[PDB]
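Number of protein chains: 2
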Amino acid sequence: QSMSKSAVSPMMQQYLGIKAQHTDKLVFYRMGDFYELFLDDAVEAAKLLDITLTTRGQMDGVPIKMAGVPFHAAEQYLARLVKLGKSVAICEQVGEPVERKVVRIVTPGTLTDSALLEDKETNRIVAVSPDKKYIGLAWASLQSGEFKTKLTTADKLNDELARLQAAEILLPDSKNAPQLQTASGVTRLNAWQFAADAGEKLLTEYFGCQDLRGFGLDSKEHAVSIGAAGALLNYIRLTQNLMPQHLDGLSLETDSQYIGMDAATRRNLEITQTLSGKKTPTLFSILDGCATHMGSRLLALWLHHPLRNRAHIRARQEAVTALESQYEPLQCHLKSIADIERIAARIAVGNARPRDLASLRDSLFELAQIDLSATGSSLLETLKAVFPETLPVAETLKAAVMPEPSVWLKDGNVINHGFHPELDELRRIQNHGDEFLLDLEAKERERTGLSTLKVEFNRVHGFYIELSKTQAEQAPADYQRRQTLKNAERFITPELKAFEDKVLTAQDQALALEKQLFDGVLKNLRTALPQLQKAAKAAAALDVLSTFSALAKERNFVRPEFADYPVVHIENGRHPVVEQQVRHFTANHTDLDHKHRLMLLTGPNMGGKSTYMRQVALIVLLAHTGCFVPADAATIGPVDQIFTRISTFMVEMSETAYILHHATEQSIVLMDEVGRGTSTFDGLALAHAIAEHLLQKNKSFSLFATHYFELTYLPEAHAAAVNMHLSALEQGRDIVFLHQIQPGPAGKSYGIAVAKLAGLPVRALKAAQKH
Amino acid sequence: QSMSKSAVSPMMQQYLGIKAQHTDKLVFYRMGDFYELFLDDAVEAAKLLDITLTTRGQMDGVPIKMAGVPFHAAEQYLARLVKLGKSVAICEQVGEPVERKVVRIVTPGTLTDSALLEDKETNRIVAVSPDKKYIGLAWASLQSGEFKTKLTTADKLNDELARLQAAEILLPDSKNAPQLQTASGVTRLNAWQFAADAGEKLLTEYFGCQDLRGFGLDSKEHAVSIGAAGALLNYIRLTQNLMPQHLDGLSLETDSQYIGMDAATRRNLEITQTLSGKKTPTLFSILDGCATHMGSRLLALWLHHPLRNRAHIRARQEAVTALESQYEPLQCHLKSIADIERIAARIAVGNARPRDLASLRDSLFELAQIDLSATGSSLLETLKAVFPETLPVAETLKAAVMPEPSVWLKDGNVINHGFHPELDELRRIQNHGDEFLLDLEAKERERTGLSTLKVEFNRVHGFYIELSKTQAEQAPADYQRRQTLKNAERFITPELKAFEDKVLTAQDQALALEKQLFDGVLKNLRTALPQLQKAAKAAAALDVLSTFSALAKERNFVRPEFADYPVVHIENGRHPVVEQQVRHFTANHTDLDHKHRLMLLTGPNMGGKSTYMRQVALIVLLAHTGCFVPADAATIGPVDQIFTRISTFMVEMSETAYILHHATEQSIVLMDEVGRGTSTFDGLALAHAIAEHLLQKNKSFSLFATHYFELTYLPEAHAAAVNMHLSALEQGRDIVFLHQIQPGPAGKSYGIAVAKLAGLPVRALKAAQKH
Ligand SMILES: Nc1ncnc2c1ncn2[C@@H]1O[C@H](COP(=O)(O)OP(=O)(O)NP(=O)(O)O)[C@@H](O)[C@H]1O
Ligand SMILES: Nc1ncnc2c1ncn2[C@@H]1O[C@H](COP(=O)(O)OP(=O)(O)NP(=O)(O)O)[C@@H](O)[C@H]1O
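Chains A and B, in that order, are what the protein sequence lines are.
Sequence positions in the first sequence follow PDB author numbering and run -1 to 94, 101 to 650, 661 to 785.
Sequence positions in the second sequence follow PDB author numbering and run -1 to 94, 101 to 650, 661 to 785.
If you are wondering where the hints come from, they were derived from the structure by calculation, not from laboratory data.
Please note: incorrect hints may appear among the correct ones.
Each pair may be met inside one copy or between any two copies, as identical chains are not told apart.
Below, simulated SDA-like cross-link-like pairs (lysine to any residue); rule was C-alpha separation at most 25 Å, straight line [to be verified]:
| # | residue 1 | residue 2 |
| --- | --- | --- |
| 1 | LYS784 | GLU724 |
| 2 | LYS137 | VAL768 |
| 3 | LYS339 | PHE288 |
| 4 | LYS81 | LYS388 |
| 5 | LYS713 | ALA772 |
| 6 | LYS784 | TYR727 |
Next comes chain A alone, as it looks inside the complex:
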């Protein structure tokens, strides 16, 4: 393996220096006004981006493959590449003098740029450190500050992964990495980065605390999850420009905090995504009346993390009732603030640009005006306390940044007038720009008798005066001259050289001064990042609570009550999504307690069994978010998990296996027509057993819909079973469904579909009666 380095250009040789460090990722090498890619990176990017592949120069004889993109559209192409789980290192040149650096690595899970994120996109990076009994989970969202760790098991893993919706996963390079789907981008990390002891040094040093007990860890059992946090914190460090200091606390997630739901249950209920994978009526889209982007994202969070702690739930409920009389002024203020949660993020990772501070400034002022707007008597009063706390940050931004700064700091006109006296003075040499030149042209027109001379400028030559070749002979030896032209001839003069060296120096010192003063206020903002993140969280909380208020007031939701005994009482409740799809939707009751635990639904095929079942689960879910539920009243007992089951057939049996040995007395199980598949022999036998389990060996409140009429006999075999069914009425030779729960099991009226039949249908009426 001998080399050139005469076989390869020094521009290319430098590229290979960078590319060697990022052999797994695409490298956007800045080349002029383009980012270019070389070699296999070129062939890859030319496939992926439908941009033209080409060739530049030679390397060891061989033409070098190349492909590029204009700088003005780089974020756009970057957005595509990360949609396809690709990382890109951005190689720019940096210095005073110049070195080729990587500056920033864009990965699917560390996005903070508004250009690479949808407005309601939650963006998480999760790292799994597997012991083998336990598994350390640690996740973070650079855009929201979130930073949590959890201890979990191997089989309970894909549930946690679906819950977190991670955009990127960090795995060890070890041979005992957990087998898993792929998924989002999966990024493997060289083993020792998940070290618990090194992960503990990193964490304690990042938060500047003694140990990790306050967060509820210590390297006893949690060691594996401490290392996973460590690995996350390192990967953030390797990818981000500045190491962000906005990662809020670091909480241990226990299973007791939220109503657990398996992956399939999240999917089936269509919480944030349909069964065909969209935003075509979901629970989130039907409730998403948030005024802010950060509010919308928070609501997505809440709908997936229904609280178990009934105190926090009431804290939230006290707020929403209080906001009932004052949400229309609130939602006007919030509607005009920008995404300050993301702006705080971009500040933290050294990625914020001049107009972000303008938006942050103006919205923090708009948040300070909510101090009136509303008051109350709850958690709200701690929310209100936050907004004026942040005015000191707004004032300093008002004083340091223009009302409208230029887009790029490099262009100047970012720092405000009067913030720095020197800058104003430096900047003042500008009228002396144009007025000294008008005072000079006129003092040369009469001096030469030519109204065909003006003081011109170009980047290469600087200031000059040009005269035609005819008039070039008319010029004094006071003029200095340089380059020769075709029609004309341009001249320097020492009395504008003195001017040129004054204004161009003033330009450079001003540009340099704005840079240093901007970096100065970023130094300040980054230290004031705690108050900023509190501002973001308070603004978004209030936005969701405001939305909860408006929904209840505008669609008749009621504050559900909580009980200490196993119970689910719902006074004519409704399905919150299907309710805005039907013009008329018929409400229905739901009564269950200790003695009435399993409701066995039987019914025709367009009788609303599924809808009614999903309606119950959705009311229970909503109940524990602090939102009000769609009913006239509701009362729910302590609930721990929600299970559902609504292609086949081992996936039917897989999802029910999980249900059977995880559901408890506090769980709520939903089962829709289990048995479809195989037969009516083995199918009925299984559906018989599964019911013979929810009643006995895990006393769960269950809704069990089924076509197996043979299961009607359960209320006459267990105290807890109940038979209910759904209505079908005769109108005019044509059947209809009023969609109403009715006690009992619907009788047999398929032979009633003689409303258009032909027989010899007695032969049917002779097989049933079947006693």
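Dock chain B with the ligands against the given chain A, drawing on the hints supplied.
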């Protein structure tokens, strides 16, 4: 109700004269370089087309509402309008001297323009004349010449409508018009147009024959269908520019010609349309390797009309075998011909434009070159005899029309050179155009000393010579002058007036001459329409048979045999659509006779039950189209109908009613999991009865898939019953489906999905055993 007529403009008064005759249709009133619509038409069209609604002028004091479209995109909006089932009258002005006329009425069922039709779109207009016991059906396709009538019943109506895929329906305005869907565009026709006696005069005069016995009618029972044909013939006349003379014969369709399939069966088998209504793998898309558009349309026709006559089937089968050795040269010729079936149609209706004759000419020549290409021994030899028959038409077209004519006849350069001697001479005055003017400019440059004069032309002044106002004083009195300008001044002269009156007269006489000669050869073509229609039918037939030859050679299809006894033998057959979706598809046998009639499929879910069933029905269907079936060998007995049954539940019971009292010994019935709905009591009772009918009270060859294991006992109760099932094998903790038919009823192995369960599954294994 007094009027203006001073309250309305004469340009609007003339519109109301036209609009009054077409009160039900939209009227495109040509207004300059636009077609505009007024009053309620405007409001209608503004909504439908997303075009801006506005105002022009006043009528009785009120601003007249208006909306319009440009001429250059008129066919595009018309296309939209007939997609939404609307009719449009095109009001142009005609004359020598100008009258407002309607010229053409575009209706959804009389389309012939390539610009209003999809390439493979079949376009039929059907007229129903209801007695009440009988119903006269009559339909026609202007694009294909098809013109048929049929006698039918009131309930058998929606089956026929769906079979004919009518783009438009003609109903009597009577109060006893049949209740029906709507559908396509339904067009009501003023009662007496469906008159049988008046219908018979129309029909006999159209074909110029004594009565209708040769077609198999006479006003005995066929009176109601004769009038239907009359109404159709009239609507064609009211709507078409020229009354077309290409309508082929007039056959009476009887129910015994084709294998009947109800509306649901045509949908379920996905013959030319999916269950979600697309071209996502259908039986037609999977076979459609036709080189021509007209070939494709014909394929659609045969897929919906499987022949009962086994002689015509063998005729087609003899042609496809003989083409096995000669289809690659055939499909290269056919690939380069145009849509001559439609072109013949546009000629018939006086709608043909110059380039259509060009395309027809070239393709009729290309069709003549198939006289070698292939020969054979069958029906083929009559096909070969047709192509050279049509050369006389190609010759005349070659001599009369340019190799490339202008787009519009009004622009000239359509009639070929040397076809008419006078036209060439009239046309020849054109070099005398440019050369006489070069011989005149030069004779005016030196005569005035000005190289700043050139002979010009504009549409207002004719020919002229212009000179600047400085040089207008330099012009002779030999110049005549007219309009004054700004910089210049233009002059007429009697020696270019003589020239102006020579070349413009020659232009008009030539444009007029081309018009009369073009109409002259259209007169010839329209009388040579019978040869043309035969050319189109012979080209298309061969294209479909060639395709059948390529499919059999390239996907291992075999020529099915026919039997005279009830039988369906299929040596490992395959599903022709699913077979190109799976990389590997496992073939399966099918054996049924007089003693083995009902195959009772039981099986797991993803066991290929449905697919195998639909495979049998599709093979039987394909067998009767002449095409070879996807198998190693196949033998089918006499078949009359194919019924299928694969949301709920009265529509389950409606479709099965139909099946139960229409299926015969010769029918082939397919039933997929009948019973799903209601329960397992009344569901099993109904599935019990329905099987207790196919065996006994209509000895039909039936495939009955069900999950009811209770129906396994049938082969031990009836001779004709058979139990088959579909395989499921264990590989590695993971079940798989080899998809193979196996005698017997699959046993009970859903408890076998303990491959991931958790119990207390003995309680299942305790309910089955169920003896
Ligand atoms: N209360 C209601 N008001 C109005 N429409 C309803 C109501 N409940 C159900 N529907 C509609 O009824 C249809 C059938 O509801 P669904 O609950 O799917 O019946 P089902 O037979 O019980 N389905 P499955 O759960 O698979 O058995 C749906 O398309 C709903 O839109
Ligand atoms: N003969 C075959 N050979 C190989 N694979 C097959 C065969 N038949 C079906 N499959 C596969 O089986 C899949 C679906 O089977 P399908 O016939 O729908 O199961 P089913 O439950 O028996 N249908 P249904 O009666 O409508 O419930 C298809 O995607 C095929 O790829």
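Give me the numbers of the hints this structure contradicts, sorted from smallest to largest.
4
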